[PDB]
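Taking the form solved without the named molecule, here's one chain by itself in C-alpha cells.
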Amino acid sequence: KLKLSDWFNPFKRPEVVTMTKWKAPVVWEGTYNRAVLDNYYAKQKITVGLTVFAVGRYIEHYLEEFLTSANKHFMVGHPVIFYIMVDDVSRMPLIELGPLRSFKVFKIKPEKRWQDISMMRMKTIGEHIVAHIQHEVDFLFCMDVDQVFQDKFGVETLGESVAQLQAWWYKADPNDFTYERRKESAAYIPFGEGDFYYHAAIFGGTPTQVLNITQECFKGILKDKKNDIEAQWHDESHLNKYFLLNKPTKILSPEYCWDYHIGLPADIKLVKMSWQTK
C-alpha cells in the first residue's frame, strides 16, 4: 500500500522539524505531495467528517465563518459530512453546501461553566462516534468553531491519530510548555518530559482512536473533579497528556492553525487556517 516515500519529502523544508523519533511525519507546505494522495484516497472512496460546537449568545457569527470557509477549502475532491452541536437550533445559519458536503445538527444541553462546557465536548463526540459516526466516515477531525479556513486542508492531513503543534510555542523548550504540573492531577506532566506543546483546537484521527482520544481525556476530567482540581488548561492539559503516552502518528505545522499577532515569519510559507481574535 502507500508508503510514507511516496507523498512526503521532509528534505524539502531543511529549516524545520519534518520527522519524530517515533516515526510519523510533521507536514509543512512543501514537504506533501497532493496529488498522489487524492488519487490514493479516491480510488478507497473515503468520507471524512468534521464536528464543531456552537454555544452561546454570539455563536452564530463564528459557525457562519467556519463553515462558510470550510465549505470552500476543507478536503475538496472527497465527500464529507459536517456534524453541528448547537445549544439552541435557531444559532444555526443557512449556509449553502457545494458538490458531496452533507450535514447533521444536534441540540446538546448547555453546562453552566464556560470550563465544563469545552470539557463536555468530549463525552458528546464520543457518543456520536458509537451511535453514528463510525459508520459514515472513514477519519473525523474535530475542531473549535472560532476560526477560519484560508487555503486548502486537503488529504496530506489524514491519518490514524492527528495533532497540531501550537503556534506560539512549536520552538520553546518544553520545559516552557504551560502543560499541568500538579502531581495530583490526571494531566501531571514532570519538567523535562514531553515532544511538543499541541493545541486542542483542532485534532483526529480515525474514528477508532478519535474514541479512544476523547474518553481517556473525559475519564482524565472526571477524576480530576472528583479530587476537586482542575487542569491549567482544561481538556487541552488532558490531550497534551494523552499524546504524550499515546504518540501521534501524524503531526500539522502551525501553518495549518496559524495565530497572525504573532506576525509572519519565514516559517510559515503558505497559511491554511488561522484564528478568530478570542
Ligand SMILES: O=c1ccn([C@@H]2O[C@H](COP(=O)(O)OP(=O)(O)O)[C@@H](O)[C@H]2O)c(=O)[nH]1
Second form
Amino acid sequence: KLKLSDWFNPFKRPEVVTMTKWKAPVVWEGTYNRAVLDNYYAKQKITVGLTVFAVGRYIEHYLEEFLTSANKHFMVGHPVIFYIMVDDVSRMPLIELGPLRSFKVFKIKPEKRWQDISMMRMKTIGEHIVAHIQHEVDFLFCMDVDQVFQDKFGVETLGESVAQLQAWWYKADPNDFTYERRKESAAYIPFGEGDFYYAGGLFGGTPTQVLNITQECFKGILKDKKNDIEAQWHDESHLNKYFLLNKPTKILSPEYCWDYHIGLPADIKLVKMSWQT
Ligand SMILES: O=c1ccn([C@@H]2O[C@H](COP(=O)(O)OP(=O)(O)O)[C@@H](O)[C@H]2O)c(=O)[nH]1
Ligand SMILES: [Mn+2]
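What would the structure be for the form solved in complex with the named molecule, given that what you showed me was the form solved without the named molecule?
Every chain and every other molecule in the complex is listed next, the one we just looked at coming first.
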C-alpha cells in the first residue's frame, strides 16, 4: 500500500518544480528511491511494455541504438516486453537481449507522408492495446525510435498516466509554449492556460489509460483531417491538449528526455534518455 513519501523526496531538488497542483510528482534525479520501488513492484510481479515504431530509413538509423540501449537501462530487474512495429522485418537488426527482456515484432503498413507515420501510431497503439497489450503488461510506455537510453530509466517512472516535460520548454511561460493556437483545430489551447509543455515521443500509463490517451488523440487527429487542417506539432499538439484536460498522475523531468543541442544546464543532473545525434 505504497505512499508517496515511501519513495519520493521533493526537497532533495529545491531549485526545480517537483510537484503539481493536482499533486502529481515531477520526478527529478535525486528525488526518487529506486530500491524501495524495485522491491515493492517485484513483490507485485509487474510487467512493463514499450512500443516503438520504425519505418523506412529509421530502421537502419535508429532502431539498433534504441533497442540495445533499452535492453540495458529500461526497468532493469523487471520483466520487459519490447513491442516493435516495423514495415520491413528483413532489415530488423538482430540484438542479444539480457535477462528479463523479451520482444515481439509486428509488420505495419508504411504510411506515405512521414507526418502520417508519426500520427498513425495513436491508432496502431490503441488497436494493439485492445488485441493483446492489456493482457500482457501492468504499465506501458510509448516512445520515438530516434532516442537513446543513457542511464537507468526505472520503476520511479511508473504511474496511471505518465507525461514527459519537453526539454526546450520546462522553464518557459505557458503563453510562449508551441501549443496549437488556431481554434479550428482539436489540439487548440487558449492563451492564459496550460500547465506544462509535454513531449510527443515519450508517454505512458496503464493500458487502460494509454488507450484513452491514444483514442482521444486520434479522434482529434481525424477531426482535424476533416477540417482541412493539421496541428503545428502534429501528435505532440494533441497530446498536450489531452494532458491539459486529463492531468497525468506523474510527470518526468527533462532528465528523462534531454536534447543535447540545448547544452547542459545545472538542472539536468543525470540524463536517463536523450535524442539520437
Ligand atoms: O519515416 C519515418 C518517420 C517517422 N517514424 C516514426 O515516427 C516517429 C516520430 O517521427 P520523428 O522522430 O521524426 O519526430 P520528431 O522527433 O522529428 O519530431 C519516429 O520517432 C519514428 O518512430 C518512422 O519510423 N519513420
Ligand atoms: Mn523523434
